[PDB]
Every structure is written in C-alpha cells, then in structure tokens.
Amino acid sequence: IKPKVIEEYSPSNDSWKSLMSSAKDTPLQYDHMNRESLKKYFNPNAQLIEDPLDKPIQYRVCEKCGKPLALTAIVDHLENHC
Amino acid sequence: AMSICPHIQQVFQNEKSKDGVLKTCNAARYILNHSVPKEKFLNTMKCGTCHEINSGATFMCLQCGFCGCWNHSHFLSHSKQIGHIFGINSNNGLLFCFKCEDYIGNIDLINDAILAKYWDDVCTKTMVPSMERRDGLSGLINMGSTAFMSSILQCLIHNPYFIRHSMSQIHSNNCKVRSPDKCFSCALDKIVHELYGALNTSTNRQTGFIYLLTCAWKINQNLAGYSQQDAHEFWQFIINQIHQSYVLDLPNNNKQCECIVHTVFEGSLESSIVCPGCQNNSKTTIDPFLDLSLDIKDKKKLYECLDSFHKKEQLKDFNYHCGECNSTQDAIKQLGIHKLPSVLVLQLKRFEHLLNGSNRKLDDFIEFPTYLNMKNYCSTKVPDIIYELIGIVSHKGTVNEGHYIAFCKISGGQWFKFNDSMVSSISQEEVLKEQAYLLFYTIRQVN
Amino acid sequence: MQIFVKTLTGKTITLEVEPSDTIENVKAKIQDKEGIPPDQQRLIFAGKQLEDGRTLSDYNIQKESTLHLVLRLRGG
Amino acid sequence: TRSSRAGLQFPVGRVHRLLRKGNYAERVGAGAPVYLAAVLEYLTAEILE
Amino acid sequence: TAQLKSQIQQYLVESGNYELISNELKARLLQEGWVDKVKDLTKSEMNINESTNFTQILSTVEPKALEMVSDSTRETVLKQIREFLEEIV
Amino acid sequence: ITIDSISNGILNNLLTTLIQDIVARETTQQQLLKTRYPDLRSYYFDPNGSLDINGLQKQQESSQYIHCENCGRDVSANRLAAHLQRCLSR
Ligand SMILES: [Zn+2]
Ligand SMILES: [Zn+2]
Ligand SMILES: [Zn+2]
Ligand SMILES: [Zn+2]
Ligand SMILES: [Zn+2]
Ligand SMILES: [Zn+2]
Ligand SMILES: [Zn+2]
Ligand SMILES: [Zn+2]
Numbered sequence: 001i002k003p004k005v006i007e008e009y010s011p012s013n014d015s016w017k018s019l020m021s022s023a024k025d026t027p028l029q030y031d032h033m034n035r036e037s038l039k040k041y042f043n044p045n046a047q048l049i050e051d052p053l054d055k056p057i058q059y060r061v062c063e064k065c066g067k068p069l070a071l072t073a074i075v076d077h078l079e080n081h082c
Numbered sequence: 001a002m003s004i005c006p007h008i009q010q011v012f013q014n015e016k017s018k019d020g021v022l023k024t025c026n027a028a029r030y031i032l033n034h035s036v037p038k039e040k041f042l043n044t045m046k047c048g049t050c051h052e053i054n055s056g057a058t059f060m061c062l063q064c065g066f067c068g069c070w071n072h073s074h075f076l077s078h079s080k081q082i083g084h085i086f087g088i089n090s091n092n093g094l095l096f097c098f099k100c101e102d103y104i105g106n107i108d109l110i111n112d113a114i115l116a117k118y119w120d121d122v123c124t125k126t127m128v129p130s131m132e133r134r135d136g137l138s139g140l141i142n143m144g145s146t147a148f149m150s151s152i153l154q155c156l157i158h159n160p161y162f163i164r165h166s167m168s169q170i171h172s173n174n175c176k177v178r179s180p181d182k183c184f185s186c187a188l189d190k191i192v193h194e195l196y197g198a199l200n201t202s203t204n205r206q207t208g209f210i211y212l213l214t215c216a217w218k219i220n221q222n223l224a225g226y227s228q229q230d231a232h233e234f235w236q237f238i239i240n241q242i243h244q245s246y247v248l249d250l251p252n253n254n255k256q257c258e259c260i261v262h263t264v265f266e267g268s269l270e271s272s273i274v275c276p277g278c279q280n281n282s283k284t285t286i287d288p289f290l291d292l293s294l295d296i297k298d299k300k301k302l303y304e305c306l307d308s309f310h311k312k313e314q315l316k317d318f319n320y321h322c323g324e325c326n327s328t329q330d331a332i333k334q335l336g337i338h339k340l341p342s343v344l345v346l347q348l349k350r351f352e353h354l355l356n357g358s359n360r361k362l363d364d365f366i367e368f369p370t371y372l373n374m375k376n377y378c379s380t381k382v383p384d385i386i387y388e389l390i391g392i393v394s395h396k397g398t399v400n401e402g403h404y405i406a407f408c409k410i411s412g413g414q415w416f417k418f419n420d421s422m423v424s425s426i427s428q429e430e431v432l433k434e435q436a437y438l439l440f441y442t443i444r445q446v447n
Numbered sequence: 001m002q003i004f005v006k007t008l009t010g011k012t013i014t015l016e017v018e019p020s021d022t023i024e025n026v027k028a029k030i031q032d033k034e035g036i037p038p039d040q041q042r043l044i045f046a047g048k049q050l051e052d053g054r055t056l057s058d059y060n061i062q063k064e065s066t067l068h069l070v071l072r073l074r075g076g
Numbered sequence: 001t002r003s004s005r006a007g008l009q010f011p012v013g014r015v016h017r018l019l020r021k022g023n024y025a026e027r028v029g030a031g032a033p034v035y036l037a038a039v040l041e042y043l044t045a046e047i048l049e
Numbered sequence: 001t002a003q004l005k006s007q008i009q010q011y012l013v014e015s016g017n018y019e020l021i022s023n024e025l026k027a028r029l030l031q032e033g034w035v036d037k038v039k040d041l042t043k044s045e046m047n048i049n050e051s052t053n054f055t056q057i058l059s060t061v062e063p064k065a066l067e068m069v070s071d072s073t074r075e076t077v078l079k080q081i082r083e084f085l086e087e088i089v
Numbered sequence: 001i002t003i004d005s006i007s008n009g010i011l012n013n014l015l016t017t018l019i020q021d022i023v024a025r026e027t028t029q030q031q032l033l034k035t036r037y038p039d040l041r042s043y044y045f046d047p048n049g050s051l052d053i054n055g056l057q058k059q060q061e062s063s064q065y066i067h068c069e070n071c072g073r074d075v076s077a078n079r080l081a082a083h084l085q086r087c088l089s090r
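First to last, the sequence lines map onto chains A, B, C, D, E and F. Every letter in the first sequence is one number past the one before it in the working numbering, and letter 30, counting from 1, is 30. Every letter in the second sequence is one number past the one before it in the working numbering, and letter 326, counting from 1, is 326. Every letter in the third sequence is one number past the one before it in the working numbering, and letter 17, counting from 1, is 17. Every letter in the fourth sequence is one number past the one before it in the working numbering, and letter 47, counting from 1, is 47. Every letter in the fifth sequence is one number past the one before it in the working numbering, and letter 87, counting from 1, is 87. Every letter in the sixth sequence is one number past the one before it in the working numbering, and letter 22, counting from 1, is 22.
This is chain A alone, in the form it adopts within the complex:
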C-alpha cells in the first residue's frame, strides 16, 4: 500500500461506547440527507423526518381523554393537560 496515504492519515480491542463523548457534542444527525448541502440549499430552521413512511405513525392514545400522542409528548400530557 502506497506510503503517502498511511503517512499523514494511516481482532480490534476498541469500543463503540467511546462514541458517547462525541455523541454528547454532536447536533442531531440524519443518515442520508447530507448536512452541508442542507445548509446550502435549505432553510436554517427546517424540520426534518428521515424516511417518514418507513413504518406507520408511532404514537399512543390516552385512556382518559383520548388524545393521540407523539412519543415525546405523552409525559407532560399526563402531568397537567389531561
């Protein structure tokens, strides 16, 4: 293998949980919508859902008031809105 690639770049014992640190510093990421192109061609405050029709909508319904709730919205709905 050519020496110049190795020169400045270059069973394993390393661990994937090492990524937590990076995960701690990293903004929300998408798998197949490149971030920089989104920056160039799209607005700075766009909402984004990757592969929205992959599976049916994930949610649950309150037994008491019958509201359909997004998974991230259920808890406070249960605290002071029902």
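Calculated directly from the structure, the hints in this document are not laboratory data. Honestly, I wouldn't trust all of these hints.
Cut-off 20 Å, straight-line C-alpha distance, at most; resulting in silico cross-link-like pairs (EDC-like, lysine to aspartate or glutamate) [unchecked claim]:
#1 E/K26 x A/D54
#2 B/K40 x E/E14
#3 E/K26 x B/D384
#4 C/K11 x B/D317
#5 B/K381 x E/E24
#6 B/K117 x A/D76
#7 B/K125 x A/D76
#8 B/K38 x F/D74
#9 B/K361 x C/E51
#10 C/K33 x C/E64
#11 B/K38 x A/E36
#12 B/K297 x C/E34
Chain B stretches covered by chain C per the calculated footprint, using a threshold of three residues with CB under 8 Å from any CB of chain C [to be verified]:
#13 357-363
#14 368-376
Don't be surprised by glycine CBs; every beta carbon is placed ideally from N, CA and C.
Starting from the structure of chain A, add chains B, C, D, E and F with the ligands where the hints point.
Just chains B, C, D, E and F with the ligands, lined up with the frame of chain A:
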C-alpha cells in the same frame, strides 16, 4: 397468533437486567442520532474479524465493542463462540436474535424504549392505536360544496411533520385561547383527535370538521363551503391563519417566521437581471415562496413545466441602463431556486385567458414522476436532490364548476383516494394516470 | 417603482407603481394590460394572496418583487 | 336513479318528463332538469325552514 | 494480505467519495422503483411463506432482489467506483 | 486478483447491506402489526371503483343528519352549511 422471542423474555424476567438493557438501547439510539457518518462506518460497520465494511448487515454487540458481519457469519461466530445472541443492525437500530432467526419488532417496550422509565404509567394511562383508527382514515361528508376543503384536509391529514407537530401538543401546550370554534389549530387538533383516537367516551367523526367550518365561516364565509371555490386560495388562507395563531401563541423585528408552515414550506427564489452586452452584472432579487405555480400549456411532462417556469426571459418593455457598458438594453430575466422547502407544493395552472375576457380550463394530462429530482433548478455543482410524491389534488369539471379529489400515499406504498366521505384503495400506476392539479412532494434524499 | 407579475403562461410583465398604490390599482393595471376583470384575478405574494384596501407596505412588498398570478378553479 | 346521482331528493325523471311534455322547445338538455330540481329543492327547503 | 482491504476502505471513507457512491446508488435504485419493488417482493414472500422470520425470508428475497437491479444502475455505479479506484493505484 | 473482482465484491456488499436493511424493516413492521393486531385484516380494494376501504359505497346524502349544537336543531348534512349560514347569522 404471532409469538414473541422467549430469550429476551427470560432476561426480562429480571427488572434490573431489563432496565440496564433499555438504558443502553436509549443511549445507543442517542448516539445514532448524534454520530457523524465516518465514525458510524468505521466503528459500527467494520467486522472485527475480516475488517470489511458492509459485508451484508453489520451487527453491533450489545455487551461489548465488537462488530460482526453477516455475509461471513462473523457476528454469528461471535454468538456461537462468545455466546452473544443479540446484535443491533447498524442500518436501522433493530435488534436481532440469532436463536429465533428473526428480528424483534413486536415488543412495544423495545420499539418505544425511550419511555421505558415511565412504561408502567405509559401502559396504564395509554393504549396502542386501535386497528380502525391507526392510519386516521375517514371521509369528510360534503356539507354543500366542501370538497375543495376536504380533499385538501385529507392531504393535511397525511403529513408526518404536521402529525408530529399536532401530536407533540405544541399548540395545545401554548394556546392562550384554547377553543376550537375560534382557533384553527385547536380545531385541527380536534380533527386529529377524532381520526386517530377517541372522544370521551350513522354519523361518526365529523366534530372537528364542523369546528373548522365554523372558524372559516367566522373569518370568511365565502370560503366556508356553501359555494364552489379554489383549493389553492383556501390553502394560502388557512396556512396564513395557522401562522397568525402561531404568532398569537408568542409571549412577546423577527422577519423569518418560526412557525411550522415557515419551517416546512418556505423557500426562496433567485431572480437575476443581466445585461445582454456585458453579460457580467447582475441585479439579483430574492423572493420568498410557500408554494410554486407552474405553467403547463404545450407540455406533457412535469419537468417540461418546471423548465418553462425556470426559463430565461428577455424583457422588451423594461427601461434599463447598464452600468458596465453605459447603455440602454433589453434585460435578461431568470428564475432559479435559492432555497428549497422541506415539503414542496405545486399548483398546475390549468387555465388560460381569451381575448373576449373569458377563461378556459386546461384538461391536459401532465405526466408526473413517483420520484422528483430538483437538482437542475438550484442556482449554485449541485448535488442530487430528490423528493418523494405523497399527494395529489385533482379537479374534474370546468373553471367555474367541478369536483376535487385527493390522493395520498401511506407506509408500505399503497395509495388511497379521498373523495369526500369515500376513502378507497388505489394502485400507484393509476394515481400516476390521474389528471394532477396540485402535487405534494416530500424531501427524501439530499446528496 | 417597477415590479413584476408572472402570468398564467409563465410570461412575466412589468408594472410601474408607488408604495402607497392600492392592490386595486395594480389589479386595474393588470386588467388594462390583459383584459381580465378584477373579480377573476388572483394576485399572490410570499405565499399570501394580496387583499383589497391594504397597501404594498402593509405586506412589506418592495421594489422589483415578483407577484404570481392565478385564477380560480371552483369545485365542491 | 338520478336523484341519487346528483345528491338530490327531487325526482329527476318526473322532472325531465314534465320538461319534455310541456312544449317549451324541441329538445331539452341534460343539465337543466338537475339545475332546476336543485332550485326547487332549495326553495322548498327555505319554506319548510 | 487481507489488511489491504481494510486499509483501502479507510482511505475511501476519509476521502469523501463513499458518500457520493452510496448516495448515487441509492438515488438510482429509489428513482427507478427498485426499492419499492423489493418491498413488494418482501411482502409477497411473507405472504407466500406465511412467515415474518427474517433469515428465511431473506434467503429467498436477496438473490432475487439482486437480480432485479437494473443493468444501467449496475454499470454506472461500477463505472464510478472504478473511476475512484483508478485514482490511487 | 483484479480491480473488477474487488469492485464486484464491493457492489455485492453494498446491495446485500441495503437489502438486509429494507427486509429487516419490513419484517419487523409486519411482525409488529400481526402481534399488536392478531385479527389484522387488509383494507378493502374495489376494482369497480365503487366500494370504500371497508367495502362500502358512498353513503346516501341527504339521508344522513347532524345535530346542530348552536341551536339544537338537526339538519341534513348536505344542507348543513346552509343551516349554518342561517344559524350563525345570529
Ligand atoms: Zn390525556
Ligand atoms: Zn460481544
Ligand atoms: Zn466479517
Ligand atoms: Zn429469540
Ligand atoms: Zn388554539
Ligand atoms: Zn408562520
Ligand atoms: Zn452592459
Ligand atoms: Zn345552531
């Protein structure tokens, strides 16, 4: 009567092991949402044995740092030799049991693991969607001439961003008025409530629609459904009312709106004005848009219509003095895309004006693709930019009289036709044979 | 000032207007060019339809902005 | 029927017959019995209202 | 030795060209309807075998799914990879 | 060993990875739907273009009615807007 994997059940017989597992799954998914592409490739798609990338699915070990491939059975080998029967597929985060020879997709706790800490409460306070309501499919009866409203509402009924917004309770959480007979968004939330859930505790599921109609009557009776009207005008009117309610929800010079409409539908056009002599210049004007209106005459394909839309024009009626060559010229005008929206809405201009002051409908079939590439319209090389078709509104009749229908695509790839009260199954190819008036495209891939 | 209008065919025309000019006056000018009555005209800007009785400044409409012209397709 | 096909309660057949037989013109369009049945339904509605 | 493959792959990842390849491939298969054809194939096989077991369904889907890939996309993506390979050897 | 062969292996790797992803998503989804919903039935498809997803025809209006909450009057639904024009006119 589909069964569930007993191997994970055994682990789940112990509460602390279960909690450890769910905590780790949640942490892992957070990492997956917060990891750049290269780290993921190098650390989750690299086989610990052969060091190949993407040797079929690569599995991330639940108990250690090892990654193992499928094609050479290297995770499989990790499972036989080290005893780890569970691995996570790095393409989708889904958990495989090598004993069942199947993924575990049917454990609600696992699918919704972020709420695991509160799961008991979640299971006591809330239920999974009912089979009947799970896709929110229901017709909206004609209450006079309200089809131009309901077809549109059906497309609104199928937008994942909108459903995430509504189900997130944002308006509900922040509304200072909290009445659906005044607030359009409250009314919408009521509709969502009726279609996906259950009001406490044949005429079914029309209450929200009636509220919306009441609000509409109160602001502009002409667009409230008694008389025939234009679906696009209703679209702009209602999204503007939604925006006004968002602004209303503020506790307090902020030109870009931060609302759901303006974070989804707003783009910007670039208009260039150039001297035909100097060909240097140019006088550039940037215009926001919430939708695009396309000419369709003498054309057969959507790309042709966008090309016409995007086509350069020489003004012959513009007073112009060039600063580089110091002379009067007939300027060149061009439209291109400066910024794209997350959801792209297209109106086909299916009409023309005659010298006698009358108008005529254009019934011309315009071919539209299942997947749309917008790369040719971006002004500044541009990477591939592809949208997925999710919606169509069609009109049958003439300019002054007709009928609107909606077509929406849901998970799995099936199309449905929404004709007032009637929701029916339709194939993609037939949808593609429809006379499109409005088209709704959602962003799918950005290169 | 000069502003632009993208017509049904996609052809763009130019109008001469003042910031204080009413939407009605602009529509009158469009009628005068195209022979289309005001009741048949729909004038679109920035995702909004422009309303009679209001001024250009009310919608933050400026010099050389482009308006998009459509008609109505009635149904229901 | 056709009352159905136009969402009308009023007998489109009866009406088309009455239009044909009452000697107003040689031929009688398809839209007119419906449009008219509609205006009639409308008005009996306003009255019963 | 077979360290070569991993080394080369590392260089490939670091250079940026992998995103371009993966993305172009995905765009082609998506646009020509292949992805959805593969979805339909999966549902059909699940219905025929009355099973959602991933391994056995995959065993029938994968060869066929591989055959269903258009020649155009195949030769174009191969051409591109080859272009990137012809760079540094 | 040649460039062509390794390239074929790379393409096979990519394709089998993508395929395994799609299939895994499909199988998990169907497993979920069948377990959550043991009695799962497909939505009705009518080749004649007449029946809805429950296999029913368009219901007869004005046979259906709505109880108007503003005045307590029941009104036939296809005249509801008319009623509201006469009802909200308070
Ligand atoms: Zn509740
Ligand atoms: Zn391990
Ligand atoms: Zn391997
Ligand atoms: Zn198992
Ligand atoms: Zn409200
Ligand atoms: Zn807004
Ligand atoms: Zn010049
Ligand atoms: Zn009332």
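Going down the list of hints, with the structure as the test:
1. E/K26 x A/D54: holds, 15 Å
2. B/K40 x E/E14: Answer holds: B/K40 to E/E14 is near 13 Å, not above 20 Å.
3. E/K26 x B/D384: holds, 11 Å
4. C/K11 x B/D317: Given that 20 Å is the threshold and the Cα spacing comes to 12 Å, the pair holds.
5. B/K381 x E/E24: holds, 15 Å
6. B/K117 x A/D76: holds, 14 Å
7. B/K125 x A/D76: holds, 12 Å
8. B/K38 x F/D74: Not OK: B/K38 and F/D74 at ~65 Å, beyond 20 Å, violated.
9. B/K361 x C/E51: Roughly 25 Å separates the two Cα atoms, so the pair is violated.
10. C/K33 x C/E64: holds, 18 Å
11. B/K38 x A/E36: holds, 15 Å
12. B/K297 x C/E34: Roughly 18 Å between the alpha carbons, so the hint for B/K297 and C/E34 holds.
13. 357-363: holds (count 3)
14. 368-376: violated (count 0)
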